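Undergrad: If you want the building blocks of each chain, they are given just below.
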Amino acid sequence: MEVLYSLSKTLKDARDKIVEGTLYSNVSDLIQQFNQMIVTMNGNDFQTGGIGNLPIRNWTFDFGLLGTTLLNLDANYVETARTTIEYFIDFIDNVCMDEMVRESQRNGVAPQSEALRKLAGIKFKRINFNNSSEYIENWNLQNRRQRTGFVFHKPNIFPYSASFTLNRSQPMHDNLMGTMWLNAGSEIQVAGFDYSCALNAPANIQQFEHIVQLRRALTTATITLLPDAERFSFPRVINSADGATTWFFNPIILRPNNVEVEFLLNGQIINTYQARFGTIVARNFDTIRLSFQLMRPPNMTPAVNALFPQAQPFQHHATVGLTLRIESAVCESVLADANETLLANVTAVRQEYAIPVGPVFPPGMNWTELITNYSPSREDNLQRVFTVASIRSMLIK
Amino acid sequence: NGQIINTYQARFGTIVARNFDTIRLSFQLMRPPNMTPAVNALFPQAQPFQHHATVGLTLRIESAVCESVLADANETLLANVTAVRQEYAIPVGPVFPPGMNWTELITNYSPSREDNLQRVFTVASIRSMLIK
Amino acid sequence: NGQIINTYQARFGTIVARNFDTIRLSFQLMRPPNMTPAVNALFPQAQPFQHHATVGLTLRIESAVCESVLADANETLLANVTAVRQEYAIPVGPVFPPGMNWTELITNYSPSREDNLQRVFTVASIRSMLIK
Amino acid sequence: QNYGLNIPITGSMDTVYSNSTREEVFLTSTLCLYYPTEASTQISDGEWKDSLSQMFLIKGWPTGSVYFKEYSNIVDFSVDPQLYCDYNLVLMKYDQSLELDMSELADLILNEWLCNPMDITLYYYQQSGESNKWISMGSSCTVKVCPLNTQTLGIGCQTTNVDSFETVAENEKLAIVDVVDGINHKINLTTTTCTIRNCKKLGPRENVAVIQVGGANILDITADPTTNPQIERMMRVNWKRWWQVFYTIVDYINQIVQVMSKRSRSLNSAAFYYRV
Amino acid sequence: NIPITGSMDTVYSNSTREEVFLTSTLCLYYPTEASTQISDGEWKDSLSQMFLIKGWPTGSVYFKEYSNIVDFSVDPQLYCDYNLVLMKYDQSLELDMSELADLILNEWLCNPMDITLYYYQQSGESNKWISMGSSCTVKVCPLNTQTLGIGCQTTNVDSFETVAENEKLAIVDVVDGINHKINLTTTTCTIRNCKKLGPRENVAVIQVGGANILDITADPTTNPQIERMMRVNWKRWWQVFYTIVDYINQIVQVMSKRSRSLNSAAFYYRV
Amino acid sequence: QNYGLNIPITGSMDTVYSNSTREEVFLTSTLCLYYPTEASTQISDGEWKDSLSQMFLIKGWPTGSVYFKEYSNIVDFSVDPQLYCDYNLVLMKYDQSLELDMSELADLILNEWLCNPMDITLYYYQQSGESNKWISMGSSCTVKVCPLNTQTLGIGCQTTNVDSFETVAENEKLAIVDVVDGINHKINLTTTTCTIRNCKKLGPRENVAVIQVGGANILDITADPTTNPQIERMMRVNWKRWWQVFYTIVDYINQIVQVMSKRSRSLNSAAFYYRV
Ligand SMILES: *[C@@H]1O[C@H](CO)[C@@H](O[C@@H]2O[C@H](CO)[C@@H](O[C@@H]3O[C@H](CO)[C@@H](O)[C@H](O)[C@@H]3O)[C@H](O)[C@H]2NC(C)=O)[C@H](O)[C@H]1NC(C)=O
Ligand SMILES: *[C@@H]1O[C@H](CO)[C@@H](O)[C@H](O)[C@H]1NC(C)=O
Ligand SMILES: *[C@@H]1O[C@H](CO)[C@@H](O)[C@H](O)[C@H]1NC(C)=O
Ligand SMILES: *[C@@H]1O[C@H](CO)[C@@H](O)[C@H](O)[C@H]1NC(C)=O
Ligand SMILES: *[C@@H]1O[C@H](CO)[C@@H](O)[C@H](O)[C@H]1NC(C)=O
Ligand SMILES: *[C@@H]1O[C@H](CO)[C@@H](O)[C@H](O)[C@H]1NC(C)=O
Ligand SMILES: [Ca+2]
Ligand SMILES: [Ca+2]
Ligand SMILES: [Ca+2]
Ligand SMILES: [Ca+2]
Ligand SMILES: [Ca+2]
Ligand SMILES: [Ca+2]
Ligand SMILES: [Ca+2]
Ligand SMILES: [Ca+2]
Ligand SMILES: [Ca+2]
Ligand SMILES: [Ca+2]
Ligand SMILES: [Ca+2]
Ligand SMILES: [Ca+2]
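Chains A, C, F, b, a and f, in that order, are what the protein sequence lines are. No gaps in the numbering here: position 130 of the first sequence is 130 in PDB author numbering, and each next residue is one more. Throughout, PDB author numbering is defined as the position within the second sequence, counted from one, plus 265. Throughout, PDB author numbering is defined as the position within the third sequence, counted from one, plus 265. Throughout, PDB author numbering is defined as the position within the fourth sequence, counted from one, plus 50. Throughout, PDB author numbering is defined as the position within the fifth sequence, counted from one, plus 55. Throughout, PDB author numbering is defined as the position within the sixth sequence, counted from one, plus 50.
Bear in mind the hints are in silico, worked out from the structure with no lab data behind them. Hints should not be assumed to be uniformly reliable.
Claimed, not checked - A few chain a residues that face chain C, going by a derived Cβ cut-off under 8 Å, partial list only:
1) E180
2) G253
3) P254
4) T272
5) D274
6) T277
7) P279
8) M310
To be verified - Below, in silico cross-link-like pairs of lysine-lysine (BS3-like), each with a Cα-Cα straight-line distance of 27 Å or less:
9) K119(f) x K250(b)
10) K312(f) x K312(b)
11) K236(a) x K119(a)
12) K118(A) x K12(A)
13) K99(b) x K109(a)
14) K312(b) x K250(f)
15) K109(b) x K194(b)
16) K290(b) x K143(a)
17) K312(f) x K143(f)
18) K312(f) x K250(b)
19) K99(a) x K109(b)
20) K143(b) x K143(a)
21) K12(A) x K123(A)
22) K397(A) x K118(A)
23) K397(C) x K125(A)
24) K290(b) x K99(b)
25) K290(a) x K109(a)
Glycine included, each C-beta is placed from N, C-alpha and C at the ideal position.
Bound-form chain A, shown alone:
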């Protein structure tokens, strides 16, 4: 795989630095690397594809070395370089597609795709150029562990889950109390609602608590915590827990008082913040406990007093919510983001050629299921296909 990356990097460098009029001093080392690649790949046969609709293709290499007796590149040089580079780029693109489409329940790190399996031999170590990109560097470190980390912007670590729990309820759903929430992408929006405005709660304070269990620990995350979950601040009708009947929900937004937010790793509290909003940080956290409260206002204007009565009718229902965006984070394992098209590339490759559902990944690369159940074999396969997708993106966009 390091060899595949080296192929892609040297072809990218050839397309970039071998340009008309450039000094040979600017591309001497690159030309030497290109000639090593040519001499190593020459006199070989590779076979690519043959799964789903990915058509079978045969690659044979017999090319002349780029010259070296030129002080300053001219137009004729670049024509020969182009004729070689386009074929090589097509070959690397097809190898990457073949590698991405495949899977393996066991030893998912080891390369599938007999083309790449051949490239992992002993004759092709001489192509190894350098491993600068974040994905390939972390690939090397993981293959021989030093501590690693991918920095992600707004990582979709939560599986999509919108739901609710009712700590107090009735069959006719007039006097409810509990929480609603939506975890999606990098958003946790949790709204605790009480239909009685904590009329009879101890000290007129109702307690809400939401536990989120990340599937992988995040590191040095930046978190924007604000009050007033928006999605649960307008009237709705909600199918019940059983689904038999629907119940109305008519929010009136109070603020959450003495909100505490705890970032835990392996059960111990790593970070804790109390009534701090805006941007905060979490050192290393695996679960989030958002605890907040609904205090009935001691003093009340005529209007709010008319809103919150002491009897059962309860036309309007008090709610307090939090919104929590993980703006950025650092994860040892790989994840989709909002800034990287790796997952999009892999899924598009599979969809284009209609690969049958394999043993490990879920159908359609459904990221919600994939993050919901994220076993280590699935993680290894995801890392392999993602790094190969990065290697492809270095040339094909």
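Keeping the supplied structure of chain A fixed, place chains C, F, b, a and f with the ligands upon it in accordance with the hints.
TA: Using the frame of chain A, we list chains C, F, b, a and f with the ligands on its own:
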């Protein structure tokens, strides 16, 4: 090109599109067959209709790959070009809209406009290499 | 990961699971349609119910293969580690539970605990090669 | 043990569920009309219960479900109102000077109550809170109270001379008296003809519904002055002919039971739980 | 109905009040006792001059006196473009006042009924039978599948179940889905089978007397207080009319232009 | 609080079970003894209620928490026997020929009957299943049932001739009448004097215990003839002296209350199922 390339049915969260020129969001509003008395009083069979049922969909395009050049939330190319034009009060040209407002520039995004946009954006990249 | 890897219906005796993470045991209590007078007396229509119907299953994992290290009925590594801790009264540390209570150790099996467990088990086997 | 009160029920907001907890210990739901005797008087018929049962059979209720029950007048029905039955509708013929008695019967039946006795002649009683009332029912109740000081000396009334007591309800079949919460009280009424009970108010009995047959909207079940809620079950109609009223109820019966909900129903027929 | 797309940024248009006051007509239906108490007869001209201040041209206002509510109920023609109905409330007239309010406020599609030949059902919630006349006493005898009375004998009109007596206007709702035989005094009263469409935007009812009692929706459950059922207290009809004139802008703002492809021709007082 | 929902509840097995509750139930609840008048007649006293109260106080209960009720005899007691009282005992003196009446009362006050009214003059009534009976109460009940064909023509009787009907109760104060579950019936019963309710039997009423003071095992609470179960709360004590009977109950009051249990339908946890 009017060819159904991807179709996601009752799947929320993150989704992907290989290549798409049009998005068709289809959804439905089903009257709740069973109804707590609160919602029943909320929706009457009579005429008044004092509360109006709605059903929504939000769709962010988190990231994409485009053959042509566009503005972003991550790139200061459009801002650089527009600022350079404004600082020196360039007269309105024959191709770009007055003030280079992105809304009217992408409402009509003809190929000549795209060509000039790519040129000025690439020059802005070259400048921003040095003068940030 | 939520996908049936194997499913066995009314096949008792020795069975094989290729690779699994969860076990779903479904069974049913079917009232005997035909009843001898004795059993019919056992199961009445009214409320008393002096006898209560029950149906059970027993599932033994005789042997298996695992990536993460575990304790067994065959390997003395867990016993060796816990014993050498108790011998010198090592104070309760961060990751392992107090006294190396295996139930508490496995009920939550965080990767930190797993890594430390593999290390200490490897050292335990290395010691067991010589000291018994 | 319980019915799983102390643990939460979870549900998804983006999924429509299928399987239901089918449970039924019944013949079927039973609609149940209470109508004043003047209705049958004006109707002047007597195959009319048969006629209405045939109508309800078209509307979807089997024969043996619907029941019709006559009461003389609302004030006399108030004394110990029994709802022996599943889906209760009560037709209250509004007329002037019965506003309080109607509103009070509505307050009694529409709401669930938890009542303890009151050995009136021995102790002195208070009212714990906003939800606590004294409900007195009988042939002729006449409640005369007397508040007491902290020293157990009457204020505005000598505790011995009953003539000085403050009368709060005079010769009524049903009187739901609220007095000041936190004052000991000595109570006097006609122990043979009336029974007084110390009743807390639980949630609302979401089973019985009240159709006001006559005019303006006056039903204020909530004894509080500030709040005057208009519940879904405080239905009303404009009437001239009882036949038209009954046809209206029959035609729109499905909507009425959609407003109601039969899940709240007690074993006994009493309008209030009794907890000695 | 074709779709009509519209932006959410277009600027609000100028006030159309003057345009509608120049282009439309207002008409007031009041009881005869109003004029009797006013004890005048230059008062129509005075009120027209008064309306001219608020901006209704001289011919735009039409005063159509009616004898009383029950007598006006019988087939009310609303010859106008914006209709106001002053409606004096008296005890025991609650249902008839409500009947008139329902009739005029709601749009009805009415079909003739031939009582002497056919037995009529009611299609559903929106269907009623409206009987109008000098004295309507509709008696109903429900029928079986074999056309035999239940609670009644189909040939003995005495055993029938009376649902209205001597009323100028009766809006009867019977149990839907059952055939009925009707006895109504065919020489006097006319009965029509009507379906309630949407509301009539053209008309507003100013209840003049007592409490909020009008119930347009025959459903017991819903009792919606529609915006066009205005109410005001009174002691002097002069004060009532001055109130209406002063607040005419609000009333016609509450009302709106009628929209229905009618089929029955009738006289209108348009400009 | 998720009233009206059957939510599964998990429970360990290594939990160390908690301490006693007898002190709680004694200091909170209310013991409640129903005895026949002949008991007091043989006692020939009238401080004896106070004496028993003091002895109960020695045995644990508070002073004002044990209550005594009298009844003329079992057959008269059977007419709407309501036990509004937190821990009910019924001393029941046995005699020949009252076996069925004792069984009727025992069934009625030991099992929770939920039930709807019956309009005898109008409807034909069909028994749904095993657990459905009709209970008739009054000063004199003489039920006459005529079964009906599928064409609604009586068999062994004529719909229009009450004489041919098949009587299944004569002047009984209480009658739990059963009929062939699945056939329509036309009933005649003396509507002015005796009322009849279509009732079906839920689980057992655990708040009531019946102490047969006399003879052998005869209470068949189960209408089915095949099963004759011996419930815990059907106690039996030999008697020759009412003082000795009351002393036995007082001494063993702990065990009797242990046999009994708090009324499920009175707990808050049963709020939206059938709470009473
Ligand atoms: C609904 O019921 C009324 C109540 O009876 C019906 O009125 C009846 O109308 C007929 C025809 O107009 C009357 O017939 C008259 O009979 C006498 C002798 O019996 C004869 O002298 C007349 O020339 C005429 O034929 C009948 O008297 C009258 N009933 C009463 C009590 O006055 C009404 O016709 C019924 N509705 C319909 C649509 O039929
Ligand atoms: C069936 O009902 C249960 C509630 O007891 C619920 O958890 C489950 O999701 C329902 N079935 C489906 C397919 O949703
Ligand atoms: C009520 O007052 C009268 C008049 O003094 C008295 O005779 C009667 O005993 C009182 N009621 C009670 C329950 O004491
Ligand atoms: C609308 O109102 C504005 C402000 O009064 C005025 O300038 C404008 O002329 C009006 N529009 C027309 C068409 O007169
Ligand atoms: C139960 O009783 C024992 C001794 O009688 C006592 O040690 C223990 O604390 C009690 N349990 C509780 C929960 O108090
Ligand atoms: C029962 O039959 C008698 C005649 O023997 C009759 O007087 C009585 O009214 C009947 N009761 C009922 C409820 O039909
Ligand atoms: Ca009263
Ligand atoms: Ca006084
Ligand atoms: Ca009070
Ligand atoms: Ca009030
Ligand atoms: Ca009749
Ligand atoms: Ca009328
Ligand atoms: Ca109708
Ligand atoms: Ca209405
Ligand atoms: Ca016979
Ligand atoms: Ca008996
Ligand atoms: Ca039976
Ligand atoms: Ca038996």
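Undergrad: When the hints from earlier in the document are held up against this structure, which numbers fail?
TA: 8, 11, 13, 15, 19, 23
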